[PDB]
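Q: Could you build all of it, start to finish, from the sequences and the hints given here?
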Amino acid sequence: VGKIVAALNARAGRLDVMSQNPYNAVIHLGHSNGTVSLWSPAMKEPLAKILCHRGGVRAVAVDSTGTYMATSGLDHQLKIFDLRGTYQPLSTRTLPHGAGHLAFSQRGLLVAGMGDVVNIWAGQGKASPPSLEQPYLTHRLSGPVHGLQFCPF
Amino acid sequence: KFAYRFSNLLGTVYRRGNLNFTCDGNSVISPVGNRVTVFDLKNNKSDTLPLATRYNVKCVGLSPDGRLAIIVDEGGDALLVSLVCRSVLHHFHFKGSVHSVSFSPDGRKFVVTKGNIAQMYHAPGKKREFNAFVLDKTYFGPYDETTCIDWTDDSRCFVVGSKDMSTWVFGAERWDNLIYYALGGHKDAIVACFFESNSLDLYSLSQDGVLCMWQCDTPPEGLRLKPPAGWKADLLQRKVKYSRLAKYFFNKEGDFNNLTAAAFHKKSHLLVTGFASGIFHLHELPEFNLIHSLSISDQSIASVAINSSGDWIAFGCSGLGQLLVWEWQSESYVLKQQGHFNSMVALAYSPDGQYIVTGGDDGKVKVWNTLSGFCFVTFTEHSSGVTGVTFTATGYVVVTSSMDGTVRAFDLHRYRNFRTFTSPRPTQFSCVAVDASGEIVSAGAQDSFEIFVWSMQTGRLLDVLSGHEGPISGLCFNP
Amino acid sequence: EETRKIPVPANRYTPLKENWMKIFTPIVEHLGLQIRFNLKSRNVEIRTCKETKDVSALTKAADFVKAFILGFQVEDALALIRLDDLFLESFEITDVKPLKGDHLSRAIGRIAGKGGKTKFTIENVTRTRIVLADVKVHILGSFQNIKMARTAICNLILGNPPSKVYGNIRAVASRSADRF
Amino acid sequence: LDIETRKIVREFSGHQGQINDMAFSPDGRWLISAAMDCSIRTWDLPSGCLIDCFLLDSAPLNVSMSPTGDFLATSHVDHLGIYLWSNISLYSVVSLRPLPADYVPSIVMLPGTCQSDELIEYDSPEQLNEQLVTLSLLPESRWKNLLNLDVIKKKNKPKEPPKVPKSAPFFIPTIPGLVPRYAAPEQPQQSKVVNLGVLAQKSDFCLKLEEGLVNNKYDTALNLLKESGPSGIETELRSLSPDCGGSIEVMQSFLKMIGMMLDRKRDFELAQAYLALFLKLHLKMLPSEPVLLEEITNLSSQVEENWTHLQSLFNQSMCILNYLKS
Amino acid sequence: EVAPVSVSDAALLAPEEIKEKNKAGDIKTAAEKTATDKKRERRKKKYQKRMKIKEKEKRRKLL
Amino acid sequence: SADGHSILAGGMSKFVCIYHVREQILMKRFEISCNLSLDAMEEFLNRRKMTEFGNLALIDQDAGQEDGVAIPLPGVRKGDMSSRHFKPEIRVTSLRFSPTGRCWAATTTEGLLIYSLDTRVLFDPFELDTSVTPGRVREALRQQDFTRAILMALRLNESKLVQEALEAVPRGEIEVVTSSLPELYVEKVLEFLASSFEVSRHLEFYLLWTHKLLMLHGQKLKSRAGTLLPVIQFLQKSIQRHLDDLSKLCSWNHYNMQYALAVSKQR
Amino acid sequence: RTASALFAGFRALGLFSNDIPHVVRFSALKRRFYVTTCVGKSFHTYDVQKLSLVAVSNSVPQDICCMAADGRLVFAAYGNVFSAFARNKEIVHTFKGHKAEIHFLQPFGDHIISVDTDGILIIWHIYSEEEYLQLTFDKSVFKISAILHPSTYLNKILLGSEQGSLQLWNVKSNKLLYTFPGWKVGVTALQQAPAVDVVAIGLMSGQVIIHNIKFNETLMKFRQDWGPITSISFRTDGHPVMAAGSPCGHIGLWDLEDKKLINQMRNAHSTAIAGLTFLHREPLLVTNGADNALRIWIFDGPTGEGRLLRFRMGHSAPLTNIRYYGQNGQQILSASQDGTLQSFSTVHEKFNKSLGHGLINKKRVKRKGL
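Chains as they are written, first to last, in the deposited numbering: chain A, 306 to 458; chain B, 2 to 239, 271 to 511; chain C, 73 to 252; chain D, 607 to 721, 735 to 806, 810 to 948; chain E, 537 to 599; chain F, 614 to 880; chain G, 64 to 433.
Calculated from the structure, these hints are not laboratory results.
Check the hints yourself; a few may be wrong.
Label-pair distances were calculated between CB atoms; the ranges are [what the hints assert, rightly or not]:
#	chain 1	residue 1	chain 2	residue 2	range
1	A	398	C	93	49 to 55 Å
2	D	902	B	128	55 to 61 Å
3	D	783	A	391	53 to 59 Å
Virtual Cβ for every residue (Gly too), placed ideally from N, Cα, C.
A: As structure tokens, then:
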């Protein structure tokens with residue numbers, strides 16, 4: 306139509322980490338507090354706040370099915386959350402460098418971009434989150450990573 | 002015949018960079034755009050160093066002994082200079098932009114923070130080589146750009162603040178109990194971070210305005226060197273914890289005043305903090321007691337420094353280029369100068385050659401003393417910009433023309449604006465000329481295209497000269 | 073383990089009991105010393121222990137407890153612990169001039185002033201704390217301030233009218249802290 | 607030779623081979639010549655003597671000096687590159703010494719690796748002669764503002780006083796100062815509660831004056847007076863008063879100090895400035911005590927005879943210069 | 537502005553401002569005033585009234 | 614310039630040009646600043662910063678304008694609200710030369726620049742000869758032949774030699790040296806004395822020197838007063854400086870003591 | 064003590080290459096190759112991507128005679144002492160204990176092998192600087208003229224002699240494994256072929272011999288009549304091409320598959336070829352010489368015709384006149400016997416420029432080239 310339906314004040318300072326859930330259609334916001342806020346255009350207040358990190362969160366990504374949530378923070382921890390009513394961290398792993406960006410494919414693979422190096426974690430995915438025990442593929446870029454996305458098909 | 006050399010750069014006292022006091026504490030080192038000036042408060046003197054650079058100076062680091070200094074521009078070019086001989090010793094080129102440079106108190110090492118890393122180099126030696134500095138070690142901790150450096154008094158460990166809302170403490174040598182450690186607890190950029198007199202106890206300051214206390218269970222002498230291993234072992238064969277006690281807010285809730293500069297004196301346990309509103313606060317740290325606070329200017333306070341003794345605190349304001357040295361105990365100024373950038377448009381000499389009058393677009397008329405290097409009187413009667421200034425031939429009288437439509441005369445005996453000349457028709461003046469006798473004052477206009485001539489003693493309009501077509505370029509009386 | 077005991081007069085017994093928490097608190101937690109108040113001997117006892125980490129704490133503990141007995145208020149005396157530079161200086165009034173009876177009484181009156189204004193005025197300008205115990209005067213502050221007060225007190229005793237004493241001290245007390 | 611006057615001004619000899627090239631320093635005070643004897647010689651034009659000579663492995667073909675003077679560039683007979691030599695006089699102080707004309711450099715310098736009546740310099744004495752009046756070169760601010768201290772200092776204070784919280788405690792840390800006005804602060811684990819007569823009661827300046835009258839020597843007192851600033855000077859002179867605890871005997875020693883300074887006729891402006899500050903402070907008390915008046919009688923005689931001689935010389939010089947202007 | 541030394545010393549006020557002076561520069565008592573001086577003061581006082589009346593009338597006409 | 618033999622010109626450049634007026638040539642070019650953080654400093658802009666779509670200066674412009682404080686306004690040439698404020702163009706706004714003649718000043722975008730006479734810049738002897746050397750100067754000083762030593766040291770223009778020559782002369786022989794001194798060297802000696810008063814401890818020695826030369830040669834210098842204005846003014850201001858503060862202090866002592874010496878009588 | 068009082072040497076300007084051959088070095092943390100060339104008493108490092116200077120080393124008292132590189136460090140020899148350079152700028156380790164000049168340096172893991180003039184071969188641990196092993200060879204019988212460590216060989220080095228014999232040695236066991244009778248001409252170059260057991264041997268007569276050292280057979284032979292074999296390199300980009308240099312400045316390209324001469328590059332350098340190396344898995348050849356030139360050749364044209372891709376060049380003849388140009392002083396004008404005028408910058412070599420040759424009828428030069 307070409308009209309602005311909603312304009313919401315997050316009241317959390319600068320906003321730089323954002324993602325959506327394709328299944329849920331809600332918007333995820335990362336903050337320096339370590340909390341992620343769920344937003345919808347109808348409400349003037351966030352749907353929910355989830356504390357995920359002991360420091361500031363810099364990346365967030367969710368799967369296509371809407372079941373799992375992947376976040377990374379300044380505490381050098383990679384976290385996987387179950388969004389289906391439980392909101393508990395299923396897996397935890399400490400990283401040497403910091404994962405600036407995260408992404409999910411349609412088959413459940415997770416890629417983290419740390420500096421100039423990308424790492425992909427693979428799991429069976431049959432009603433299970435990706436396995437953070439050992440990465441699937443690695444690659445070194447010419448420069449530091451500034452964006453990641455999987456081609457759809 | 003024409004043998005002249007540059008002597009000093011008047012009109013500017015601070016453009017950008019960090020302020021520093023010398024080792025003895027009597028003089029202050031200030032970056033002025035391209036160059037560096039030392040102000041000797043002890044002897045009331047200003048001296049611009051002969052060295053010049055390609056770009057504006059961003060970082061100035063002083064060796065503890067007071068002999069050496071490192072001056073780095075925005076582009077990354079660095080100069081090693083001797084303060085005693087006032088000559089540039091050597092050149093160097095850091096690959097990337099450096100946020101700050103700091104010498105260890107012992108004087109054998111120094112740290113350069115650039116990009117996301119901090120590089121530790123040895124101090125320059127007596128030996129002369131093509132490469133000035135030998136790189137020793139590199140640390141790659143933070144997510145984002147590093148900002149500030151501080152050293153422990155024992156020179157065993159150092160701390161670096163970063164843009165990634167965390168502070169990283171590293172060791173000068175590989176300590177088995179401490180290789181590196183990270184501290185969070187902030188929701189904004191780190192501006193400054195300090196150490197105690199004889200401990201690893203530290204403070205962290207955020208751009209939001211939060212001060213955080215951190216404590217370790219290990220005394221500085223508790224640091225122990227790592228067990229030897231690798232290839233040294235083959236030759237010979239032939271952790272600490274941190275806790276947060278306190279968190280303090282420099283602002284009331286609902287107020288957003290960004291902390292822009294901070295400085296801390298260890299022996300007196302004194303913190304001085306300057307904010308974006310142009311105010312600064314003094315505190316005594318372990319109990320956090322506000323001594324007194326001042327408002328300096330409307331612009332933000334860019335850099336803050338304190339001398340070794342702790343009496344004097346230096347403030348720089350980049351908005352108007354203001355330099356201010358403040359004695360907290362005597363609650364008085366020892367130095368306070370201000371000069372706007374690119375404002376200067378006018379010049380004249382006193383008949384003796386002893387004083388200089390200058391006018392600017394800002395509208396202030398400033399008289400400087402050539403020997404001292406400081407302006408000693410400023411007149412603010414003019415509202416708009418000053419177009420031209422001049423001196424009378426005999427007396428200590430200065431005549432000024434402005435876009436206000438006024439020509440004003442000032443005396444140096446009583447410091448008052450005794451005479452003002454204006455046209456019967458509203459016009460703005462571009463230049464002024466006075467007779468050698470001094471009885472005649474003349475001015476020219478942008479638009480009325482005619483010269484107005486007034487009597488000095490009478491103060492009335494003698495005559496209007498017409499005949500020119502177009503604006504008047506300039507006027508001058510035959511001597 | 074070594075100890076020192078200092079006396080307390082009967083006129084300071086009740087403030088010592090009113091404030092015994094306030095004096096007890098810092099010594100045990102900060103200076104790590106064990107204290108007892110002996111009822112029979114009327115003395116305050118301070119000792120070291122295994123938890124005592126520094127040796128200078130014993131000296132500062134004595135000065136802290138001593139000053140309160142002199143009539144100094146509690147955190148004013150507590151400053152002696154956190155600041156080393158402070159001293160307190162003690163003299164009787166008869167040292168400067170031998171005065172007997174009414175002349176001695178008039179000397180005390182000049183020092184305090186009508187309503188204590190004179191003593192309070194020197195307190196503000198010379199940047200010190202003063203108590204007046206009969207023929208005995210006690211002053212607390214920093215070294216340049218201690219000398220500044222004692223001269224002002226000295227001139228008052230030996231017959232100078234208060235007006236000139238105010239004038240001379242304020243002029244010289246301005247130029248203590250400029251530092252060159 | 608001089609171009610304007612067409613006459614020979616200097617003659618230089620000592621090369622043992624054909625000269626290949628010559629160059630001048632930017633100021634023109636140094637002549638550098640390269641010869642086939644593999645030596646480069648530097649000549650000082652104002653004195654006309656050889657000051658530097660160093661040997662090379664290969665003969666230098668060309669020599670050139672930088673316009674800024676930082677580097678010297680040379681080329682050699684068979685080499686393919688240009689070699690730079692840094693002039694160390696810019697980054698360090700060097701004392702020129704006259705080398706003998708018939709000098710051969712034994713040591714060779716590799717090109718690319720980093721590693735008398737003749738001389739011209741003079742040092743002025745402290746005093747040319749005893750009767751000749753001399754002034755010291757202390758900074759102007761230390762002594763010119765002694766008579767105007769009070770008005771200057773209040774202008775330094777801000778228009779709006781600092782905001783001081785009421786909840787702030789009474790005691791704050793203290794910074795003692797650049798110079799110790801009092802010699803001794805305390806007599810490691812000693813007590814800080816002490817009776818009177820233990821701490822110092824006399825300024826280090828005051829102590830020297832008492833010793834000064836005994837031996838008629840005041841130089842030590844004169845030295846402490848000349849580092850402390852105008853704020854420090856006013857305190858010491860004010861503290862000299864009997865009300866401030868300085869004996870009347872001590873002022874006599876101070877007055878003999880001033881008479882001693884005018885007798886030597888050195889440090890003339892300090893003697894005038896110090897005496898003037900003393901006169902302002904204690905002029906009311908001065909006439910009463912007869913001991914001080916006889917010192918003033920001698921001081922008044924000395925100042926009038928000194929000033930009249932200089933004031934006359936100043937006045938005749940100025941009137942002639944004004945006459946030339948008209 | 538702030539400096540540790542002062543350039544020029546002055547009262548900041550012209551001496552006539554502290555103490556106003558007459559045109560002649562001298563003051564005379566009524567007893568010592570002569571005949572001509574009394575006539576002169578009568579002349580100027582009448583002169584002041586005359587021109588003042590003209591100014592009041594001119595202001596009235598403008599109003 | 615004060616003598617008028619040279620002219621200085623400046624404008625939209627980093628260079629100040631000094632021309633000889635009679636020969637109509639450029640004597641010298643001075644580089645006011647070498648800062649490359651100011652616009653228009655170099656004739657050819659760097660090829661490195663070019664891309665396909667140009668140098669893209671607006672991005673760096675906005676990075677500069679992130680300073681805040683005000684808001685940029687379109688079309689303002691100068692000021693805080695000017696778009697081109699972080700990197701102002703280089704300009705020599707004004708030039709002036711001291712009436713004294715030992716320095717000159719310029720108002721530029723960098724600030725106020727002062728250039729002063731320095732002996733180290735150029736070696737400018739007057740009348741050289743093979744006999745003229747400091748060794749002969751010190752020799753003539755040793756044989757007490759003061760006039761010849763002073764003259765030959767004046768033929769050199771090194772200030773330390775004439776300083777040593779003048780300070781070696783004892784008092785009482787000053788008038789003989791002044792009388793023996795010819796007319797041409799009088800201006801040189803006056804210029805050296807004027808330079809000396811600033812940095813010499815021996816004020817009244819040089820005051821006696823100046824008094825003698827003036828009192829002998831004033832009538833002759835009056836005829837040639839027009840060409841000597843830059844020198845005389847110089848000398849005057851130096852002789853002024855010390856004088857004034859002495860006139861402030863000694864009198865403040867003198868009369869005051871007499872007032873006390875008055876009171877001692879009245880009781 | 065110092066010969067001068069007013070002056071001291073700082074640096075050299077305009078020099079890029081000398082007789083000492085270049086080395087090609089790969090780097091860790093940076094997927095790029097670097098080439099290091101000796102320049103008098105120092106050495107320079109350039110990226111091979113664009114021939115841009117990245118570092119300049121500190122000076123050493125004597126002229127560098129031999130150089131080696133092992134990725135982590137750069138080894139340089141001067142006189143009878145050789146040192147190790149870290150960060151391409153400064154020395155961290157020096158090794159003393161040789162009484163004669165060193166001509167050969169072989170990096171061997173954490174150890175370094177140095178060969179003297181008289182015939183002493185000593186293995187040194189780099190960090191501890193101690194001497195692991197000392198071996199001597201009779202100068203009359205066996206004078207070492209070439210050294211090679213074959214790939215995938217455990218503690219084995221190959222030694223060549225001027226007499227013409229070859230000896231295979233094991234450093235760990237300190238015994239002579241085998242002696243190759245070889246050929247009577249004498250060995251001048253040893254190079255590892257792109258095979259597990261195959262090496263290339265150059266001879267003084269101009270003959271290149273491809274030999275298998277395990278079973279002692281000669282696969283093929285090539286001969287050039289231009290003098291001794293200076294250097295040999297192998298192309299590994301999927302084309303079997305071998306290049307051999309000559310003191311005349313010519314380079315011969317030989318096809319290993321068909322055992323024939325592909326093409327010859329004549330006057331690649333005016334002076335003798337010092338070192339030539341094919342970049343790994345690349346169709347690029349890196350050559351330097353005594354004419355102060357470092358050049359890159361690309362074999363991408365039809366019929367394998369090499370063409371000049373990049374070069375960093377200075378004056379190739381002794382200088383005649385040099386003069387400072389400009390009052391700023393950042394450039395010097397220089398003239399040489401090669402008939403060219405050039406300007407050398409005193410702040411950075413990126414501002415160096417050449418004014419060309421002296422030529423009448425410039426328009427004819429456009430048509431035919433120089």
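Q: Any hints from earlier that this structure breaks? Give me their numbers in increasing order, please.
A: none
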